[PDB]
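Position chains B, C, D, E and F against the provided structure of chain A, taking the given hints into account.
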Amino acid sequence: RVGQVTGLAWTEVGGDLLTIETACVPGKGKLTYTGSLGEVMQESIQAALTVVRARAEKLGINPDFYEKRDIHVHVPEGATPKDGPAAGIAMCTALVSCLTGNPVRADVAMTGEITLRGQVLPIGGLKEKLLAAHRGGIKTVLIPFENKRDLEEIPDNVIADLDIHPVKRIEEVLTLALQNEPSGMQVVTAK
Amino acid sequence: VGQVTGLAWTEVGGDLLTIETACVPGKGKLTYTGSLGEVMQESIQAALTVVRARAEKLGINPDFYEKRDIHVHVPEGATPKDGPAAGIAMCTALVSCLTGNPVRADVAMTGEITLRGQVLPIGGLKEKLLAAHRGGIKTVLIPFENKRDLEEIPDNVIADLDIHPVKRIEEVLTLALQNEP
Amino acid sequence: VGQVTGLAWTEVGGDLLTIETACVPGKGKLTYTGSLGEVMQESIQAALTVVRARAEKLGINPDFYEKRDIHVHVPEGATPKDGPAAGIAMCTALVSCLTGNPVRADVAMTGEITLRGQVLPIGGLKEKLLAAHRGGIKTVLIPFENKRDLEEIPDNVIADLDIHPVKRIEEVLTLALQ
Amino acid sequence: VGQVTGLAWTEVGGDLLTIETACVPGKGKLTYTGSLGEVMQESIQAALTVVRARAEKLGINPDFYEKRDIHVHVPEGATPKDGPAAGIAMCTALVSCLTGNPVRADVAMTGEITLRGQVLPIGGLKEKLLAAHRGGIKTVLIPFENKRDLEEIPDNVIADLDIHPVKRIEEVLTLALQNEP
Amino acid sequence: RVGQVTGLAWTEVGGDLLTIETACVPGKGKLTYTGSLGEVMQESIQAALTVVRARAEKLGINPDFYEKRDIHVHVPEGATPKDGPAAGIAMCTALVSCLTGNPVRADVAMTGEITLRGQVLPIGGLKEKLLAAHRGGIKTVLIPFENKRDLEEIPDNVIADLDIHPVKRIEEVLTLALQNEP
Amino acid sequence: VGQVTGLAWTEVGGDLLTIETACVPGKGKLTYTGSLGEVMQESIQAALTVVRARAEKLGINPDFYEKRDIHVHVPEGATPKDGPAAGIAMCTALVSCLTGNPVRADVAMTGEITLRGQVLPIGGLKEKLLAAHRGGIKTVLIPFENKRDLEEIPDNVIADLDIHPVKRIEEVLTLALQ
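Chains as they are written, first to last, in my numbering: chain A, 1 to 191; chain B, 192 to 372; chain C, 373 to 550; chain D, 551 to 731; chain E, 732 to 913; chain F, 914 to 1091.
Derived from the structure by calculation, the hints contain no laboratory data. Among these hints, one or two may not hold up.
[As the list claims (entries may be wrong)] Pairwise CB distance ranges (calculated):
| hint | chain 1 | residue 1 | chain 2 | residue 2 | range |
| --- | --- | --- | --- | --- | --- |
| 1 | A | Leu31 | E | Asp892 | 56 to 66 angstroms |
| 2 | D | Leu580 | C | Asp435 | 52 to 62 angstroms |
| 3 | C | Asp435 | A | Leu31 | 16 to 26 angstroms |
| 4 | C | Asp435 | A | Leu176 | 53 to 63 angstroms |
| 5 | F | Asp976 | C | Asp435 | 28 to 38 angstroms |
| 6 | C | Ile530 | A | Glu152 | 28 to 38 angstroms |
| 7 | D | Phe614 | C | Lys399 | 26 to 36 angstroms |
| 8 | F | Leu943 | E | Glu902 | 50 to 60 angstroms |
| 9 | D | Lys697 | B | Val348 | 16 to 26 angstroms |
| 10 | D | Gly578 | B | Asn347 | 51 to 61 angstroms |
| 11 | B | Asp254 | D | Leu608 | 19 to 29 angstroms |
| 12 | D | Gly563 | B | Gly327 | 37 to 47 angstroms |
[What the hints assert, rightly or not] Only some residues are given here: those of chain D computed to face chain F with a beta carbon under 8 angstroms:
| hint | residue |
| --- | --- |
| 13 | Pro612 |
| 14 | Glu662 |
| 15 | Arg666 |
| 16 | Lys688 |
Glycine included, C-beta positions come from ideal geometry on N, C-alpha and C.
With the rest of the complex left out, here is chain A:
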């Protein structure tokens, strides 16, 4: 479950469900991405990686470990075309995981366009993506805050089933999706 995230984004078989895989192996700092990915989705991976790279210290990733590793983002089924910016936060979560050996919580799906500032941006086809996550057995679905309005025409059943967390920042997403806390050392205070 390390480096495996369920994203909701566009496929040629509809705004279906994505299984995103990442690997971090010995190398020289090369990035590879595969899975019949359109250009917009490829650019989203680049944006997600950069988000990771800038937040490195805070994520505990040494830049001088990152440079002796190669990264491969892969999205099966490999023959099915996928595109759009909606897996950006899925991409970023998967990248953080594979770089940190921090397993991704299961029954968790996410959709959202990522920015370099760590802001999660509204996406399209919320309904379809959630029909997708429903027929998938996913409980927790992370969606962008500005998509909250779009919920009103999602069947209560779907809503009652899905533990839905609207999210504004990448910071919340990682905490919701990762086993351990990705950011900052645990400091315990008592009153």
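Just chains B, C, D, E and F now, with coordinates in the frame of chain A:
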């Protein structure tokens, strides 16, 4: 920091762009993303050269581009964008990212940049300001030579805007950045 | 070096292919050839990444790829080929190439591989097993989730062939490697 | 940043162009932008090699291109440009940039450059010279072999112009650079 | 430094005699290939070089030869489009010849698709290829073992003039084509 | 030095070409410009390999490949040029810029070069010789197998030219360099 509100052409017309820049440990790679057309990609290259040429004067380490990677990104990722009007915005975002000097988030800017750092006039001035106005921008930087073009835009819109016509990049920086580079 | 009988889509002729891998002194380059469409090219990258993530368990020096170049080739050279169905063959071949452990010549295999090492189901099982049968292959490895598809394969083909439905790459390698 | 007024082909037709060059710290990289077609791109390369081969004679550090990058840019970024007619401007701009010898602003120039530093004739001289004239250019450098082409250009335009027919890049540099190289 | 082998392979105007040239000069490990070559034929050159690299030790070649050499494979005539895999064993032979200083027999031609494991695969258009061999005065032609069936279709007089050697593997090709023992 | 007159196909017709070369302080980059078609670009790569394979004997430091950048440019820049006919000129220009050995004036040459250094026959010899004539060329080097094509060339053109049928690159360097 590393964020600038620019005004440029998008598939649906002149609009607000949030230009993002990040600067991380690397070996001199620049990446630019956001469904950018080729003319816009080139303005990014010109803006970076402006920053590189004026590097030492701006506080920046003139050897920065051999040890760091730069990503310029313009959301939203799927919306096509093009033209050279983001140029001074590109430059300001780069300076900001490389110095850590916050950008005033009440300021939008539009204009083509040259390697000499002069601000060239742009097209579709009406759409850009109408966009800036609807988005609640308080202060807008426009090319000096677009001054004439203001009179074709609703007075009620111009009256709401603090408009600074500019000739040179050093003016843009001083007006948009928080501190004094 | 590495050779595995894969079953995968081709524009012409049989869907039965020999996946070949070579590992030679180099600087860490990857080369893949054989009139490969883009999906099949990506499946090579996936397969390699699988092996690289398990080099230790597989008994391969984790930093092997530093001083080594890899060439993956899929004859016949001029026959257009594509699709992900050669994934597990490519992975098996690469392991064979890097360990020196030979692959059984009476075994064919077909399946799409994931980075996690799972074996995904493929299309055209019938045409694939016919190529395998016509080609004299004794044992055929197929995705577990293609189990239901066997229902529509000729009983003689079913009678003549030893079919092992598989789920993960560990099974493939155990069955295929000598 | 070296600036030279070139006359060269654009999508609107032969026109006055500002050629910009920047030499900044780098590792020998060449960048060229400004919606340039391939033939113009190749002229930049020919131009640079001319300078590179004549480095010491021009008083340039012969290994300058080892620790430095070059960006040649021709605004306006959006207007397509092509053809070889900016070659001598490119070469002049690079020489100006690498030596700090500022270019005269009363001078425009047009002509194809070769590696041996010969200036070859170009087409559309009429359009080019009318463009220099409308833009208030006093002095225009043209290839020696374009001399006869002057006769089909209105006399009233040519009488206003100080025209210098040139054969070699050394002539170009002497006439166009402020200080004697 | 320049290996030379006669291959029989496909050109725009049909299967033909090709002179395959290979150069190994002071370099850093680059591979260059030219001669209006289509992609399949470009791929056969990469396959043929890989065969040599994998077998360098057995060929008496320093296994690190490529780290300090550049290779250029060129197939004249420059303007004639050529494609397909039939020049593969010729490419391998030229590369081995060049790298080991083992000259190539001049009356020999060869056609055959090479594989990384070094097996020679059958090609098409044997008759067209063999006649070009015959016209060009070639005495010896190496052909793939599985092309034996196609010999029945070749005019009897061409069969009688040509010394035809059906080969299964690259070692046979090299033994038959190189002046010295591989 | 580094300037050779070649005869090769252009979009305006088989024409006279001024091949230019410069060898500059650098790191081993090859640049070739002049709106050159791929076949003509490939002839440049072939010509360079010939020089590289013979560097020592040509009094060229064999490590020039690593310490110098070479730019091959064929004006006029906007005129498309293609085909293999400039090969021997390319080789000659290259030897010249690397050796400082000047190229004779009033020499033009046409011919496809091979890596072994053989000169191969070209097409359009007649349009090529007519071009050499009007450009005021005295001596013209042609491939040996193009001798037969001389029997289509006007009497005066032939009378005016000193034509040398050549088999090999070393006759070329001999007849063309000082």
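Evaluation of the provided hints:
{"no.": "1", "hint": "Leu31/A / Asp892/E: 56 to 66 angstroms", "result": "holds, 59 angstroms"}
{"no.": "2", "hint": "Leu580/D / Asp435/C: 52 to 62 angstroms", "result": "violated, 36 angstroms"}
{"no.": "3", "hint": "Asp435/C / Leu31/A: 16 to 26 angstroms", "result": "holds, 19 angstroms"}
{"no.": "4", "hint": "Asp435/C / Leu176/A: 53 to 63 angstroms", "result": "violated, 36 angstroms"}
{"no.": "5", "hint": "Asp976/F / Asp435/C: 28 to 38 angstroms", "result": "holds, 31 angstroms"}
{"no.": "6", "hint": "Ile530/C / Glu152/A: 28 to 38 angstroms", "result": "violated, 54 angstroms"}
{"no.": "7", "hint": "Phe614/D / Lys399/C: 26 to 36 angstroms", "result": "holds, 31 angstroms"}
{"no.": "8", "hint": "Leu943/F / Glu902/E: 50 to 60 angstroms", "result": "violated, 37 angstroms"}
{"no.": "9", "hint": "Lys697/D / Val348/B: 16 to 26 angstroms", "result": "violated, 55 angstroms"}
{"no.": "10", "hint": "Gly578/D / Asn347/B: 51 to 61 angstroms", "result": "holds, 55 angstroms"}
{"no.": "11", "hint": "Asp254/B / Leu608/D: 19 to 29 angstroms", "result": "holds, 26 angstroms"}
{"no.": "12", "hint": "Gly563/D / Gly327/B: 37 to 47 angstroms", "result": "holds, 43 angstroms"}
{"no.": "13", "hint": "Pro612", "result": "holds, 6 angstroms"}
{"no.": "14", "hint": "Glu662", "result": "holds, 6 angstroms"}
{"no.": "15", "hint": "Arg666", "result": "holds, 6 angstroms"}
{"no.": "16", "hint": "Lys688", "result": "violated, 28 angstroms"}
Checked against the numbered hints given earlier, this structure breaks hints 2, 4, 6, 8, 9, 16; the rest are met.
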